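Q: Using the hints provided, position chains X, A and Z relative to the given structure of chain D.
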Amino acid sequence: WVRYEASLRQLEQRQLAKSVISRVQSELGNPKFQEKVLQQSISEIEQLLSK
Amino acid sequence: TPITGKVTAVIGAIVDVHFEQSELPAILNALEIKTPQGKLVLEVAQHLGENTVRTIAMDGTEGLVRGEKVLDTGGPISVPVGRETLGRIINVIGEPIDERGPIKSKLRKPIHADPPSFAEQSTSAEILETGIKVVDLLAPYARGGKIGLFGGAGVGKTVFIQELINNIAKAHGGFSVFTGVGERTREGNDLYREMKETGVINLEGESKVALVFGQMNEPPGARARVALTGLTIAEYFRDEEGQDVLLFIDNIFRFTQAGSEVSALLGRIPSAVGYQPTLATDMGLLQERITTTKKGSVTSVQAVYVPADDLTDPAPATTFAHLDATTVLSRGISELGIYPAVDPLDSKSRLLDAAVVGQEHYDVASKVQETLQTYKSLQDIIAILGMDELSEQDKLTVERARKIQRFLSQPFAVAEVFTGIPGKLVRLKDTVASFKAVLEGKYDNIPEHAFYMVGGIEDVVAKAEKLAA
Amino acid sequence: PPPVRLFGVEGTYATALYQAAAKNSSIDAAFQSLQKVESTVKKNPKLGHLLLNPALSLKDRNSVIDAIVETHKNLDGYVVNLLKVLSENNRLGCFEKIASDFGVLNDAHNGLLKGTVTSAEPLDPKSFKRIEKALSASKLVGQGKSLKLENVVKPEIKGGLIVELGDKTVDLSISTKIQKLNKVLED
Amino acid sequence: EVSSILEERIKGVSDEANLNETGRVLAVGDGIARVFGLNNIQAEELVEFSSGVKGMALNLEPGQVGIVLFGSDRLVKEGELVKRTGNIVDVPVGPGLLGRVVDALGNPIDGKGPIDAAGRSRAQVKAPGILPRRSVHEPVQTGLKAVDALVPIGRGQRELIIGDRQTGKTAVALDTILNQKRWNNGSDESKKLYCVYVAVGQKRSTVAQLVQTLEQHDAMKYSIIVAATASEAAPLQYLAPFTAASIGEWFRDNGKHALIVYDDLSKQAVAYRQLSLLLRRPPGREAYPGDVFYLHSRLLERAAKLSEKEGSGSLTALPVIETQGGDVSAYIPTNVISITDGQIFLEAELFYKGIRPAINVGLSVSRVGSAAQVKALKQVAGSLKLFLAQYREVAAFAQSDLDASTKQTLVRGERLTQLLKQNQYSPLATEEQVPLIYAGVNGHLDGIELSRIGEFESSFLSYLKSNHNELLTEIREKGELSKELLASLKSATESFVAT
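Chains as they are written, first to last, in the working numbering: chain D, 1 to 51; chain X, 1 to 469; chain A, 1 to 187; chain Z, 1 to 499.
If we strip away everything but chain D, and leave its shape as in the complex, we get:
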């Protein structure tokens, strides 16, 4: 019973793994792909000034 319980958790995790891939393909579609480059830009501005 414990063994299959662990197996179900692993199965859930790989199911949620392919859902992560699906979410990644969605993210890279959005012009959040464009807009977040601005976020990275300002973050790097803050970061590198903190260097």
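Just so you know, these hints were derived from the structure itself, not from any lab. All C-beta atoms, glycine included, are put in the ideal place defined by N, C-alpha and C. Be careful, since some hints might not be right.
[Claimed, not checked] Computed far set for chain Z versus chain A, every beta-carbon distance over 10 Å: (1) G52; (2) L81; (3) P95; (4) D110; (5) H217; (6) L279; (7) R285; (8) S370; (9) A371; (10) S400; (11) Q424; (12) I453; (13) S488; (14) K490.
[Claimed, not checked] Below are the EDC-like pairs computed for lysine to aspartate or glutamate, each with C-alpha atoms no more than 20 Å apart in a straight line: (15) A:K168 to Z:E48; (16) X:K69 to Z:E44; (17) X:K466 to Z:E393; (18) A:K180 to Z:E16; (19) X:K295 to X:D114; (20) X:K39 to Z:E44; (21) Z:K112 to A:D187; (22) A:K183 to Z:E16; (23) X:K6 to Z:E393; (24) A:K177 to Z:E80; (25) A:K36 to A:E70; (26) A:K158 to Z:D327; (27) Z:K112 to D:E12; (28) X:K463 to Z:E393; (29) Z:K11 to A:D187.
A: Showing chains X, A and Z alone in chain D's frame:
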């Protein structure tokens, strides 16, 4: 002024420095790179030009940030020597690894030194006796001699050496050097313990042995100059103290091996098998700095683990060149259960000359050699057929030889535990007598088993009585 | 010693040229003249770019050298010897290579730093300027060492940016962050 | 649950810092890459490529660094950005590696998630000096007669196990781990070995059978398995024994007794050969590079019985050498033999010819093994090696007529050899080995007809327990056979002989 440089390259333990300064150290100079490990000792071995030397690194390599300050310590590494080297186990650097603290020294001497000249040498003729019967019969040692072994593994090498230390170093009273080149730490620990126990290292007092020990975990480059360090310590005794010394060196196959490793890295075209092109030169220096001179007589013992059991390999071949006497140790004879494992047809000594050991010894030895060679010759026939298909005359010879073979095994005191037989040291005079009798078949009438793994002829007789019960 | 150890790419030539002309303090002059002759070489394309292709004699190569110094007189003289040297050593393909190397060596001497800001697609000039300012302000750009930041376009870097200079980089791209995220959510 | 753990992990992604990173890959393939830059790099660093794979910098050269890819070349490619880990190769070491299969990157291939590990420690670490080293005193008991008797094995020692491939090669070692289940599941930590099984170059399937066996004998909890299978990349295989020994050293440097079995170092040689050749460094004898001696020797001497100062830790090495045809002069075997204390050469011919386990008594030695033996197993086993090397002699020349003295030895010898044999994957208790050896030595098994020897063993042991397990309890604690015990045992054994 410290010759500043940067580490241009770190190709293995063959670091290359580029001395920024127009000052350039000479070849065989020594360098210290300051490390969080204290120092790293490197030794200039080539100048690769454009103010970039190429240096063997005599301490372990890793962590090195490519380009880092160097300072030139100059010249060969100068060890510290003295009579207070006795009672110290020292690293290649010279560190007291037995941690009896700083070695008091008057003279610190360069590791490299030039071999004494042809003229300066004094050539001995002294007999040294071990009390090992097989040694005595087949290859009499000489005091000041250069003795040689063709190793069993440690299973043979350590055992052979231990017996020699037990015999010769209690029959010697002068200085004695133990140099352990690329040997397992345990062997050293056992030896250290044993030496301390037999007071050879007296700690309350002073020793009469000094020790240099290089572990087989040591980096190849480090292993290369373990020998030279010992060679210097020996020179200090030989020359400066001006008394007879003793020396043990084992395993000098590792010296050869170490050289072969660094050579490739150095960039040298590696000669056949893989051995360094500089094999001859390195061997030459080493074996000409152990010479008996008018300054002193140093009995030396060199031990070469036979590479893959092939004696034809170039490293054993060049060993044969610098041995006053040799005692090749063979696995087959070990398998025959004979301890020592010495091949009896492959031992020779310069003092095997007939006159030197007297005609009677020589005649006895001659007959043993002839008999055994016949026996080996008929090993084929005996095996292909039986021993009952031998000619009757030969069959007698063969039976005698089978006895002679069994007789050669003598229990050894410092291995008495390992053999499980209390040891034996038998007189040379007795040995000659014993073989003489056997050759005349005097005691040939009692078990072959009686001859086997026991000492003298008298012991054989007694063991016949034991067997008879 | 000459700033930055180049070498090997016939950069021992560049090094040599630099140190020899550096004590003559005509390295900027050399570099400029070298640029001019290199440029008129590139701008000589019909078998002056295609006769950079090696197949010439020693002597014929030398006569090409004579034509090259015929093309202008405004050379360091150390670089007139450099032309001879390349002819003698029988290379001419590592001529722009040497030129480039000498340029790197030269602008190291000038102390001009070089950076790069690879991105997925070229970004705003306001962003370019903000990064240039930021980097110049930061300790990363040395004091009196002048950044020449190059935005480059590389589609392979999926989104974001990587700032590079002085062998110190921050890669906060979308691809790298995704990569790290994927790995961490596969554990 | 799964959501919470994933969410915790996602939260644990937080920002990248600036620092000296970035080299750019150029000439790559042949499992080494030549990277441009990496100007200040510690020697033997771990670098992680942005190909998501890590390599160990080997050659620091003027203007270039040559990484060696510790992992697949498939994902590495030209002009990739190599980022400095900035740290020399270290692997997590600690207490929580116990009962966890891990691969060579320390990734839990038991998949029980992140490993609990106290520290990380550099892959290469020098062996302790002469001064930290105390001569062996505690035995290791394998539970197999003759493998404790004839071959005496003791803690710290590098005690070689040499023999021929797939003669159930693994099994000899497995049995050792199993016998020491008794002691290791003990409460005395001086009687706790923590045993590490290094599986190099073995099929992942085979390892899975091994893992399953170990978990069947519930032995997983005192042992670690490190795995570098045959499929797994050769540079990873090269670093695989070294890493395992670091983990072992953490136990050793807790002063706690441990053991490490390196299966099979011969396959490390092939790996190092591959690596060397791909670094185009010149080959040595049998094409195995010249630094092969250095490779094995540096590895082996890290296994030791340290002194009281170091807390008397042990790390008993059992390295498993796979001889090609029983080529006992072969370069790799001889090199190993010279380093190792003793040999445990296993007689293949006899193995095939129904001696399981088959130990070539002649080619088994143990350099300092016999002073590890406890007095019971010195007294009872006294001269049995000699006796069976009289059996060795006797059967040598047996091949016509036999004198009664010879015949007596042969009858005992043949029967004694039968007694040595054990059922593969089922080792006996240490306590039990003492009477069995007592019986034969004291000549009680002289008369026992050959057919009933197996019966004699089981029945004798059952008899001893039923009649008086008191004797066995005494010998269990005393560990020395007193004169009274010896006589009592003679009497008791004779009593069993009668039945």
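Q: Now, for every hint given, state plainly whether the structure supports it.
A: Status of each hint after checking the structure:
no., hint, result
1, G52, "violated, 7 Å"
2, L81, "violated, 7 Å"
3, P95, "holds, 22 Å"
4, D110, "holds, 14 Å"
5, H217, "holds, 30 Å"
6, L279, "holds, 20 Å"
7, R285, "holds, 35 Å"
8, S370, "holds, 50 Å"
9, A371, "holds, 49 Å"
10, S400, "holds, 73 Å"
11, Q424, "holds, 39 Å"
12, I453, "holds, 56 Å"
13, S488, "holds, 62 Å"
14, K490, "holds, 64 Å"
15, A:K168 to Z:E48, "holds, 15 Å"
16, X:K69 to Z:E44, "holds, 19 Å"
17, X:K466 to Z:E393, "holds, 19 Å"
18, A:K180 to Z:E16, "holds, 11 Å"
19, X:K295 to X:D114, "holds, 15 Å"
20, X:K39 to Z:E44, "holds, 18 Å"
21, Z:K112 to A:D187, "holds, 10 Å"
22, A:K183 to Z:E16, "holds, 15 Å"
23, X:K6 to Z:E393, "violated, 66 Å"
24, A:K177 to Z:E80, "holds, 16 Å"
25, A:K36 to A:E70, "holds, 13 Å"
26, A:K158 to Z:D327, "violated, 57 Å"
27, Z:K112 to D:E12, "holds, 16 Å"
28, X:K463 to Z:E393, "holds, 18 Å"
29, Z:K11 to A:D187, "holds, 13 Å"
Figure legend: structure checked against the earlier numbered hints; hints not met, in rising order: 1, 2, 23, 26.
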